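Once you have looked at the hints, place chains B, C, D and E on chain A.
The primary structure of each chain is shown beneath.
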Amino acid sequence: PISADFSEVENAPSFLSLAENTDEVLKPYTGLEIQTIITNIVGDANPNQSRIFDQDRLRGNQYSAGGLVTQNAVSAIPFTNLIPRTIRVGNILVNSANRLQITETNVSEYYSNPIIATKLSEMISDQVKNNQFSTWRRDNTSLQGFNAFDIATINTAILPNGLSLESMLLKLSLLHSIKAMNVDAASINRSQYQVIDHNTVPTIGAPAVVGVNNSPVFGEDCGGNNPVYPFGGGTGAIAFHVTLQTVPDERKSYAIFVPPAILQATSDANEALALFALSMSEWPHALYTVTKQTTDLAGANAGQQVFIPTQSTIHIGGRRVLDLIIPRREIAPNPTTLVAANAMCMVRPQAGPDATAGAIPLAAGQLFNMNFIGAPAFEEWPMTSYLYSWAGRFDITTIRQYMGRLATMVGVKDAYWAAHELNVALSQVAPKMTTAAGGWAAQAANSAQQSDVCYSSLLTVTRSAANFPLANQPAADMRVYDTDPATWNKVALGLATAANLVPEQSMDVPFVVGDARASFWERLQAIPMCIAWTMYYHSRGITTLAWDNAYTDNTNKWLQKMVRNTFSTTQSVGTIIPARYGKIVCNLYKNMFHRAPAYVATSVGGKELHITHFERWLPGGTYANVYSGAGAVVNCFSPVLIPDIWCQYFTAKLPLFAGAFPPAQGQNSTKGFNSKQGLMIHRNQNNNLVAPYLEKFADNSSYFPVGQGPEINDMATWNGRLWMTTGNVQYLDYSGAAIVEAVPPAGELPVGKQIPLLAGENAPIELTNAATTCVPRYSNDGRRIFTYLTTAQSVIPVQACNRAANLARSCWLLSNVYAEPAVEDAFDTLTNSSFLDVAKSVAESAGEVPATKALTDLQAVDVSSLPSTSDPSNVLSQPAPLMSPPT
Amino acid sequence: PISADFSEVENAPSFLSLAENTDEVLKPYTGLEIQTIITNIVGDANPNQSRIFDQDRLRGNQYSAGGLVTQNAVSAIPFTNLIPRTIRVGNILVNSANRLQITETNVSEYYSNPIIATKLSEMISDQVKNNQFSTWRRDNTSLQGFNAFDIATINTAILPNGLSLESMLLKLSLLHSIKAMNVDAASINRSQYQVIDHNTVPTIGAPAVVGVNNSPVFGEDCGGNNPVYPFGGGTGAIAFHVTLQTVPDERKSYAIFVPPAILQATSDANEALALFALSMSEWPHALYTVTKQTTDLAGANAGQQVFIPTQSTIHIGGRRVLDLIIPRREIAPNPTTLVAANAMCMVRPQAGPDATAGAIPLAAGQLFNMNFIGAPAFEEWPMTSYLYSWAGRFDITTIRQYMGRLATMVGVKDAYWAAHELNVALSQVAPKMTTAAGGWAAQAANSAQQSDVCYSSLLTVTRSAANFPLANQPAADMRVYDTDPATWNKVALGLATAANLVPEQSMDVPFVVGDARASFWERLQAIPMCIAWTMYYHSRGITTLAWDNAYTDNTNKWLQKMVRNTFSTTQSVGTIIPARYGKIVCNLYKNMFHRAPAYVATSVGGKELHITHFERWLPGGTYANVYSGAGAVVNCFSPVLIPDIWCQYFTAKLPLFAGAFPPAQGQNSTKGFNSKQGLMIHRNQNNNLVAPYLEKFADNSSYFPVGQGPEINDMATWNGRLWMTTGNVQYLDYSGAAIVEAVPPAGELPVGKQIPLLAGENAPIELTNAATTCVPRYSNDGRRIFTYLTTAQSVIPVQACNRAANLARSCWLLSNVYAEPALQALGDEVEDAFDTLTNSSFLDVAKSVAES
Amino acid sequence: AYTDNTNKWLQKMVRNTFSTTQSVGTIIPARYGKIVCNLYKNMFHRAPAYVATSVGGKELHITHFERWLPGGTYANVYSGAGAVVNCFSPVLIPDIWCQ
Amino acid sequence: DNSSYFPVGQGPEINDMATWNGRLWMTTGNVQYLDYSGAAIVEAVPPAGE
Amino acid sequence: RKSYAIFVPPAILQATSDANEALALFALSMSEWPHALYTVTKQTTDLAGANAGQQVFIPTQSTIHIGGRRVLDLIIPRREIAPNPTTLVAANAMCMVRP
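Protein chains in written order, with the entry's author numbering: chain A, 789 to 1610, 1618 to 1682; chain B, 789 to 1640; chain C, 1338 to 1436; chain D, 1487 to 1536; chain E, 1039 to 1137.
Hints may be right or wrong, so weigh each one.
Restricting the straight-line Cα-Cα distance to at most 27 Å, the calculated cross-link-like pairs of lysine-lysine (DSS-like) are [stated by the list, open to error]:
(1) B:1441 with A:1349
(2) B:1441 with A:1395
(3) C:1345 with A:967
(4) B:1395 with B:1378
(5) A:1201 with C:1395
(6) C:1345 with A:1648
(7) B:1201 with B:1371
(8) B:1040 with B:917
(9) B:1349 with B:1395
(10) A:1395 with B:1378
(11) A:1378 with B:1635
(12) C:1395 with A:815
(13) A:1345 with A:1484
Pair ranges (Cβ atoms, derived) [unchecked claim]:
(14) D:1511 with A:812: 55 to 61 Å
(15) D:1487 with A:1299: 17 to 23 Å
(16) C:1342 with A:1546: 30 to 36 Å
(17) C:1409 with E:1096: 19 to 25 Å
(18) D:1520 with A:1299: 29 to 35 Å
(19) B:1127 with E:1076: 43 to 49 Å
(20) C:1418 with E:1081: 29 to 35 Å
(21) B:1417 with A:1677: 45 to 51 Å
(22) C:1342 with A:824: 36 to 42 Å
No wet-lab data here; the hints were simulated from the structure. Ideal placement from N, C-alpha and C gives every residue a C-beta, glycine not left out.
This is chain A alone, in the form it adopts within the complex:
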């Protein structure tokens, strides 16, 4: 919140107060929290009616330090998911000179909620045991038309991990994020196309066209009409089956049953099959492309401009070949001939409306010839082309309906919301800041600096070094959970369940799915993530070069622990453990925004720990820096990516060191802190250098002692900002010597990105659009960093710390409002009771059927011999169930 008087900044909460862990439960951050402030919309409304094409800026009056008032000043939204692939130069569209951004994931099995066999599987085992008294081969009922021997094999040897569903739901949310772009322009912000290319102006008159494998440069059309994997460079295989017996022996252990709860629609069922095939294979299967009509700043030149979505570049390794087992239409003997097999399909697979070339060409609408016993030749298709043909037909409303049918088998609300959080964390991206004196700056068009970019975590994104397909693989950026086919098979049929797998009474998905407003919201959810990470890095004074080398440094020992505990590299009792200091950022988010991040569970010996997206990053990336006006790098600062008005205008509570400078009000303007706060001024041998009041330990260190670093003090950081915010500071040593790190040209600070204005807008003035809170303190070689003024330049600021004088600073002219976290149809009121009881019954539906053990017992030869009597089912202990105990 913005301070109105110095009394408000002086009474702001300390940083340690906000990093305490909190116990209360909290609602999710939906992004409407920002929408109420930066837009007209007050209640639910048609996105097309609202023209949210023009709702993409912070706006407001600004006050200058000289006493003039600027009206209709603006600041751009920092994030976007679009990477320009053609760029404007000299008012003419031209191709990109820079290689594309890429992301890599770590994917592994981990323990989840403990799992248990259902009543129905106890039924199946009873059927086998009662059969054993006979000469007859029919062991058990064949569930949902699948072969009874297959139910017999699926119902055996369960894993103790539990099941996750995370990678699946990620692939589905990445694709939803990509197709969301395809709606009309009135519902997408202009700013999203010009976060990187600030010289282009998108036209409102046509919707953007999403396509596949089209890019002009660097071999980014991964085969074109003859598709191959963007990373592997190969091609997959996909084969369909009625029974497991036809699956080749080399890969019968990898097969996946396709549940018939999906495919229940009158239409779009073959499409549902293609989509389910997409959610369990490797991603990306192709490079998607957004194409939008755009024009020059004058609106003269016009053309189709090419963009690559970030979601289409992030790699999630999975299976390349796969085998799906289609539901049977009626219980029957397995087919021995082709016609018997084709006639027997519930949904018969076919190619989508888009022809492909190469070996095994696919015609649009082409049907598959089912595999069967005694078949002369095994049949299969390349998978990259099968996913290619349907790729242009997927859209948001169908993914919503699919996901809604999926909802009725298993819980998918929280899991999807978590995978969506991960989507937003890996996809929204901002360009690096430029230093300046004034309010705006940008790098040269079609330059390496223009396109260099960063995560909400202040880490730079790696680039490709060669033409697609990529011969080699980048270090992983983040670790996600995998979904095992075996336990998937057990759960899809009702043989097993766990607390995270329970169907939910809503029978419905998160609000973000199926909306045309989704891109705007995802763009707005990245903001809090950066606010929390920047508070994390700016609470301490380490410079970007020192982070950049911290992991291996042996100059200091504390810097190493500091780097090492910010990432996830610990495990215990077979499962993943969250980064030890990511919990601090998680704590900060809750205390500052009064909301709760989405989390998954991990079981450690049976105890549940929560893991948010903050705790799962991996070491190896480079930290964000800022460039000079000429494009030279600047190392001296703490990492930064966004201007601090975003931090301080969208919080309920903020640490004291980061607050805004208060408005002029008659005599009183700005104020500092002195020896009455326990601070002290630093002087050296040189009489023409002065540094502010600082912590008392600062007098007795020029190098930090090994095993120790700079402390949290909010007031000293405050005076550090007051010194920097004068236009003439020196970033120096205890003795007044130059530090090893590169420093900006004098008096400059990093500032936010420039975008073209609308009529009536003004550019931001002075330091009203700049990071300020990045006060350096820890040099790479272990020296302290000081901010010096000359004596004459020193007098007014020191008296201002003494509160005898006043400093003059610019501010936004804005008030504080932070909203509370917060529909029945007539038909819903008509049916509310029946919905209330049926929803309650579905929660226990599990593998349940009305028949009890007491009925089935009457049908048995011997009740005592039944495995259900001698082994009643229990939840599995972790990591392993007891085996061969000492009697």
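Chains B, C, D and E alone, transformed into the frame defined by chain A:
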């Protein structure tokens, strides 16, 4: 755990504390949680790859004694089951010159858990008493499909013994592990293909192909199409029957009944049948071969390459011939013609898909001609060829079906986990270490030394001496229980039950079986087993020559009792009595890992006891040693296979003498122990010889008294490691004269095996991959062994024991261990604010782990 | 509504008029279908046939009103000369029949 | 708040009498189906009066 | 195919005067539908009555698709107390009524 500081090694537990009995029940230590220690690992240069093909290795940053940092250095996983039969030399595959490894086993009988009669049997014998079974008709049969006269005559047997299922399930699991190699190349880590042949690179493009009797050299083919058993040669015999009346005399006592439950176990009843037959006959029947495409280290010379699985060579059982009684689907009198017998059966037995030659050739899919009461001739098939036919069709998913069916019929949980333990203990295998001053070393290509290998038990494995079929004098390794046919038949037909015969759900079958990761998990389970043995052979200083001769040729009484008590002995009935000191090794396992080994029932005279794989080895073996470069045998050391980092980084707790050195250049860097604790130095300055602070002598200063050996003292062993880790140690006696044992070339210590690097990886530096903990103290002659330095070389280390100096050694920068600056400008002790913010949430984890 | 519209209300609307599957694969009856049944019984004072159904071991009924599948196409009308017109809500029969 | 566009997540309410008045306007000879501004709707319409 | 066999009770066979007709009716009742396309032919004439002729219609019931059981086995009652047949003539004589 590795040590970040010397306070961590002062506070480590004593060996005696860890050898102490613990009473609580503990969980099994599966490879599914051992897996995560290799993945999820500190280090920033690491490209954290997902494929299990690449998660094959121990990666990490390292720190030199000179203060330099090394990124992403590598240590290989020591074990494998594959044995190369083609060897690359000169960048090309070349036929191997070395003979195949072999394993052998002895049977025992199982009096534990004697059976209890069902009500059914008791009423049948009751009817035999009140009648003469005269009520029954010629054609009466049960629903199962056997006639009543047979069940009645089987009922009449009285058995002392319980039922075991062990040898059965063991054969099933060995075959499982062989078939588990057939999955795609991404699913098996490549390090497994190059533990022996380290000049070879497996290709990720194609799956390994599993065949049989295709070996290049040494008669390995086993006669090809006509299959003869690899041990002893000759064919077996197999026959099928609807009644036991038709089985020939002198074989009637040995017949097995096949329950319909075996036949309905899988979609193809013939496959389930052959699987049962293989399960209850002698193993191996043939030699399976794994073929994998490989390429040159430069990638220049690709080709197919042959490997022989270790499971394929273990020898178990002896039942060359058998008779199977099969259910009749109709209620009929016993057959008199051939066609009646054919029509009569529940499913007629058939040959498998792959045809074979011989005096009795079998066409593919050929149908057996059933036996009947008229006997123009008895009819029969060769058994090795009958199994050669079905050998290709066995598959891990179907085995998962089969195990589920067995679990329903009788509980398979406990028994299968124990059998799996024996499978790991017998098949997993590591090469003997070579000595070096530096980080990496290996023996010459296609050398005999390249192929010497050992168990997790640190016993060297036997090698074949002649071409197959073998006619060897047997050299067995361990005892196993056998499954008895009559006790089988009493249970298959409802005539008896036991306490361990409780039926189970199919869901409870252990998750390893039928899973494609299992091979990988196998290797992992070998690592903790060794650690335990390693801590047993190191706490005492006995050298490898002394272990080679204690049982066969040494006049010292103490070694004799020592080698004698480490192994098991027979009872008057012939039952096992478990190894006395083996109980110590079990204890170690449970204190270092907080996990338990499988337990198996045993009896002495009618007294319950248990047995683990730790207590069932046979006395009379040869021990692990190491090779100098150029391959000369050296045997001064106590036996060793694996590097210290493996022992140190997987344990929850280790004894004090085995802790890792702290990083160089810190306050509280490596140190030693002195008089105040209780030690005393030996000096010999008249000859330039100084030795560390050691244990006070007890009339055993130069020769040990007959009937006594060196005492357990953790701190002297530690000081001996300090003297050793210095560059030029010298192993001499009390006078400073040469010991009888062969010694390493000066300065050398045994070190881990070399493997080819991935790009971006580094070879380990210094003694970071060395084994250090094996310090000699007791020689074959009975004299003490001393580690000496010269009077000048010995001056700093004495000051470090005396704690007035620090020493410098290399380390791994893992798991909370950080680098030390050369200055050390200490400040006031200061808890960091982030550590106080996160203290509780951190302790919660430890508590959750403590629960488990 | 079921295949291509970004309005949430039509989506829930077309969704609730039809039946959905249970984890076992059993029918869960259409939620708004119960309204249509009610209409039938108030306009005619006669009942449609009822059939037993279960959710987890809980009794329920089903009529032909609640067992249609989502994803269909609807009734429209033709101009003379046969051009499609679709401004109206769907219709087949004249008011006198309803009345 | 649904005078020209319905809010996302809401639709027209059940009101019998307005539907009645709409039938009255329709049963007159030349009804015209347009929007709030009096502009053409996207749906195809009957030839006038039909 | 042993797992899928249906037993035909004698009650189906004594259902009608011709047991084969009742048998075929049971078989049609438990196999896949339709097996064939029935056709209704009716004489018709012109609106002036000028042009009479036969005219073909296809019933809507004939085109609905239900079931999937292409193949089946029927177990039939034995009218005599006998052991299972070994020859053809024994099996023919044995049955309650031969199909």
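Status of each hint after checking the structure:
Between the alpha carbons of residue 1441 of chain B and residue 1349 of chain A the distance comes to roughly 24 Å, so the proposed pair stays at or under 27 Å and holds. Taking the CA atoms of residue 1441 of chain B and residue 1395 of chain A, the gap is near 23 Å; set against the 27 Å cutoff, the hint holds. For the hint linking residue 1345 of chain C to residue 967 of chain A, the alpha-carbon distance of about 17 Å falls within 27 Å, and the restraint holds. At most 27 Å may separate the alpha-carbon atoms for a hinted pair to count; residue 1395 of chain B and residue 1378 of chain B meet this at roughly 24 Å.
Only pairs whose Cα atoms come within 27 Å are accepted, and residue 1201 of chain A paired with residue 1395 of chain C is accepted, the gap being roughly 25 Å. Straight-line distance between C-alpha atoms of residue 1345 of chain C and residue 1648 of chain A comes to about 44 Å, which puts the hinted pair past the 27 Å bound. A threshold of 27 Å between alpha carbons decides the hint, and for residue 1201 of chain B with residue 1371 of chain B the separation of about 24 Å falls inside it, so the pair holds. Straight-line distance between C-alpha atoms of residue 1040 of chain B and residue 917 of chain B comes to about 24 Å, which keeps the hinted pair within the 27 Å bound.
In summary, the hint linking residue 1349 of chain B to residue 1395 of chain B is supported, as the alpha carbons are separated by about 25 Å, within the 27 Å threshold. A C-alpha spacing of about 22 Å is found between residue 1395 of chain A and residue 1378 of chain B, which places the hinted pair at or below 27 Å, so the restraint holds. Proposed proximity of residue 1378 of chain A and residue 1635 of chain B is supported: the alpha carbons are some 25 Å apart, at most 27 Å. The hinted pair formed by residue 1395 of chain C and residue 815 of chain A fails the criterion: a straight-line CA distance of about 33 Å is larger than 27 Å.
A C-alpha spacing of about 23 Å is found between residue 1345 of chain A and residue 1484 of chain A, which places the hinted pair at or below 27 Å, so the restraint holds. For the pair residue 1511 of chain D and residue 812 of chain A, the beta carbons lie near 57 Å from each other, so the given range of 55 to 61 Å is met. A beta carbon spacing of about 19 Å between residue 1487 of chain D and residue 1299 of chain A agrees with the range 17 to 23 Å that was offered as a hint. About 31 Å separates the C-beta atoms of residue 1342 of chain C and residue 1546 of chain A, a value consistent with the hinted range of 30 to 36 Å.
Between residue 1409 of chain C and residue 1096 of chain E the CB atoms are about 22 Å apart, so this pair conforms to the stated range of 19 to 25 Å. Restraint check, residue 1520 of chain D to residue 1299 of chain A: a C-beta distance of roughly 33 Å satisfies the suggested window 29 to 35 Å. A hinted range of 43 to 49 Å for the beta carbons of residue 1127 of chain B and residue 1076 of chain E is consistent with their spacing of about 48 Å. Between residue 1418 of chain C and residue 1081 of chain E the C-beta distance comes to about 33 Å, which sits within the given range of 29 to 35 Å.
Checking the proposed 45 to 51 Å range against residue 1417 of chain B and residue 1677 of chain A shows it holds: the Cβ atoms sit about 48 Å from each other. At about 26 Å, the beta-carbon gap between residue 1342 of chain C and residue 824 of chain A misses the expected band of 36 to 42 Å.
The structure fails to meet hints 6, 12 and 22 from the earlier list, while all remaining hints are met.
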